[PDB]
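Below you will find one chain, with nothing else, as structure tokens; this is the form deposited in one PDB entry, and questions on how it binds or moves follow later.
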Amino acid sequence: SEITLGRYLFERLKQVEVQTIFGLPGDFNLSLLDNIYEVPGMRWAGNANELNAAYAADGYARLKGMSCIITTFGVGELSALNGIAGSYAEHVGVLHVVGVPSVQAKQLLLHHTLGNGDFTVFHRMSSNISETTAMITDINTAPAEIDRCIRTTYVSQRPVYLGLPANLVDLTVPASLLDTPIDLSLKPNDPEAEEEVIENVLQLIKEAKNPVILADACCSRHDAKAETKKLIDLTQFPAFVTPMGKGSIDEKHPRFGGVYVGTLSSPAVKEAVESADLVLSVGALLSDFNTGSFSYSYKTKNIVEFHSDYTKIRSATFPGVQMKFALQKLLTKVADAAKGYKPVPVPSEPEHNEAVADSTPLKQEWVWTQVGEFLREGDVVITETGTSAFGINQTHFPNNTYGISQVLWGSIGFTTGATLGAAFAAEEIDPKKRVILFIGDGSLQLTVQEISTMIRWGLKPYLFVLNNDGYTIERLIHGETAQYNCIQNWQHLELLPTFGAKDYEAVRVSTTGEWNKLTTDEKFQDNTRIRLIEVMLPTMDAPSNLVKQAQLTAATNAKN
């Protein structure tokens, strides 16, 4: 009893909960894609381009655990690379399958049209932004090679490149291979290295007078949210998230003290974290840097970083000591270690805006607080590079909120595709889960067509478009009135019906009363159709600590 290697791919992807496939068809993947329609519960998104496809795969992988995008040799694969790179940078498990010319390599050479002298060139380009690669050449090893690529994607949480020649996808393999699951479990830690790490961490905890816990980008990605909650529970140490970590600590926890954004933190959060004599960083990735926007660092060097891959203690690096296992062992002994601790109180924010007149023009500082009233448990909140990403750091999340904000890679446009991916993933998880996008008017332009694919599948995101007449975040750094910071004015309300939407809402809000009227309405709160909310904001308006920091950078002689 045999199945094609093509069918085998998708049956595997199904076993690991990948149901939606991203990409575009082309010369070398059409017979491959035919298998999707024969695998119960698999679908093909039908993306509007390959870059967006990759962004969407990234968004889907963030919620579901991994994802698969399929492109074609040359034109499709090169179009996806920025998506793939951002997934690599932010540790998101994206399987990138590339249909290539059939396997004296006459067919590859006739089809290979770059006119360089090398048909491996695209593979070699992808290698730079891939955990591993594979180019399948042999039917007899192909099943194992695909299993390895899927396992690696999942376990390492980084992109994997899989080249599938057209002629191999049609060859058959025994169906019975599917009856043995892909091993998705992490390799155990080294008992001796782990034990050393744990002993040192316990000793540092015993010795600290003002320890804090800092959840970062990989806390949730590597399945350590529970472990982290437990760490806060057993220690009672003040707990904070970085902007990439937001949602990884349920924010109603009594010990949750807010988001640490460096010099952009509230004064109290800044003092709370920067006064710490020990930092336990869980899922660390965002570890210390500089940007023309914000200066993230000024703490102690007494840090313990549980990275997914290794652990760092002050200066020492214990390679191969993995976060989740290392945390679990630490939990068996951490209550004792922290037994000597008197609970320093945590920073708090005002929970609501002050009441103002309904006529009041919308401003960002007000908006970001007010979003807190609309959010609910189970929401997915996506924020684009630009003022949105900075603004969301002040917003109060309910319990069980999944944040997506691409703080490290910072590719504007990402979020329209990420919204698509997340919405597919969220519908598979719970049809009641809402996906809420905040995207700038500038960023929207780069990837706007992926709205079309949301309509195509009857997906129901809230698309809050922030209309401030261009690239405000860039205006604040340089060229406040430069033509390169301006954009063509689009009719945002007309986007949905221009892409064929029949069942949608498109509304513009310019005031506090308008915002409230829309967002407190019970019908709007139900995820019943796709909606675009156009939010009219002043061009130089931005979250306050950002504005203050912009005035700082501009005053100082410190530079690049």
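Residue numbers count along the first chain shown, from 1. Throughout, rigid core stands for the largest set of C-alpha atoms superposing within 1.5 Å between the two forms. Compared with the form deposited in another entry:
- Among the residues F294, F397, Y88, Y402, the single one whose Cα moves by at least 2 Å between these two forms, once the core is superposed, is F294.
- Core-superposed comparison between these two forms: the CA of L546 exceeds or equals a 2 Å shift.
- With the core held fixed between these two forms, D170 has its Cα displaced by under 2 Å.
- Comparing the forms between these two forms, the C-alpha position of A134 differs by less than 2 angstroms, with the core used for superposition.
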The other form holds:
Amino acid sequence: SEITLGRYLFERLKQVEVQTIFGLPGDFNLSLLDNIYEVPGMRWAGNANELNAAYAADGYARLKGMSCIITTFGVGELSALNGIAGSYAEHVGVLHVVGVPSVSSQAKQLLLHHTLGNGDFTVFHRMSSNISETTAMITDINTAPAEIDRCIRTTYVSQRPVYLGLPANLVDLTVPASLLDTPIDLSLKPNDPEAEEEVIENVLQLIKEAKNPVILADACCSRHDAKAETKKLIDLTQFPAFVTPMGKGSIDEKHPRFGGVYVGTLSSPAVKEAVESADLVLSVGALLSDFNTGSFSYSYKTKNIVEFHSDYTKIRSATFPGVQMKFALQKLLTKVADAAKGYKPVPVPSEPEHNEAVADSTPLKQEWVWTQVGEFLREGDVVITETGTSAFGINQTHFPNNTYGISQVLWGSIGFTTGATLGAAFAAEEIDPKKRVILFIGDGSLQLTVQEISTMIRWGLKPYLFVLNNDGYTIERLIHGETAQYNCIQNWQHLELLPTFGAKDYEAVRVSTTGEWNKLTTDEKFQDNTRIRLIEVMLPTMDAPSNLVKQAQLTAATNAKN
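Requested next: the structure of the form deposited in another entry (the form deposited in one PDB entry having been shown above).
There are no partners or other molecules in what follows, just the one chain.
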């Protein structure tokens, strides 16, 4: 019993729970794609372009664990590249498979379409190696199952993009089916016993001594799977728990000990103080980007900083190479309650609010929206926020427990979120058909990736697409050129996007007032994810969350340098 190499690929992906495959067809991958239909459960999204396909592979991997996008040599791959880079930047495990010209076309340097016309078949592979954890350009059938397994493990474990090139002529060759009976090894190796035990004792002593210890969960807590441990640590220690913007959603915001979003100097006065006064910081998965830290504005001076990281740990000035956080946290948690039993709980900053009631005629403002969105959310929602006012405003929104956030704070590619939403809707559907996928995207960002709405429609996916109509690039207007033509956009009939892409069962509604907002969002039928929905949210052109106004200025200054 034998299967095609293409077949093997799809069977392996299914074993790591990839059910939906992203990308676009081309002659160089059509035989490969045939195999998808031979694997029970697997489907082909049918994306509207390769850039959006890669954004969607990203959103899907964030929920599902990993994902796979297939493109065609040259023109498919190169289109995906900004999607792949972003997955790299943000530690998202995306397997990028490219259908390439058969080996005999390559050997004989055929002047083929999608080449640069110089007979170099290695160029695109070479470009992609710059943004991949590892790569394979498969030429040898005898090692190919092993290479694919290597690419999958690396994608899954490292959580970085991997590039797999497959000649069209290789994909139809057979491999023994029994190769599939043995699972890919998807584990990490255990820590060094001595190194890890020294980390533990060290952290344990620091905790025993600390009067005002605080926990801070950042991006890599989320990206590298330490969420269950960080949750236990908060429960067992009762230390105040804070979250960065890039880690929003990785810790539960309705826990009695949750103190807020810390963004250095842009934090609320109570959060800034509760954090910066700590005599011990337990940091989980720091990723200190400009926007994630209010332009590098942390101010603690203390030490007793413990940094947990995927592959090492830092304690004060010391680094412990190879001490991986997931196992180190697991081991820590068996002794942490005793270490902390002398801790008298310091009070945490109290949550923001509810908006006060206002006249129903009151026009919508950014500040009011971000607070209100908290009344709409429920446990288990996926909340996706575009770079722009949306990404900044969500910080102030209070998540129910078990809310999965998606915000590309480091890469910051506008338009990402239309595709991330498609891929998240696919993932959610396979996880739990009642989990809601809720997108906030600006009117400008939508334009770059709008066609991926079509793919959501063709699969009957049912996300909520909040479109923030503020007449252009408000985030950019706040940085430079408040009235510059380059910050304006052609205005679109947003309510027409859905039926134009062929939707038949949908809602498209415009909200301009608090009354319209509330009427829509408190409606029981609206709250159920029974159809795709677009909500055009009319806002003032220069209205922004206060943190964005501050940041816009910090950023402007940085660039103009001297």
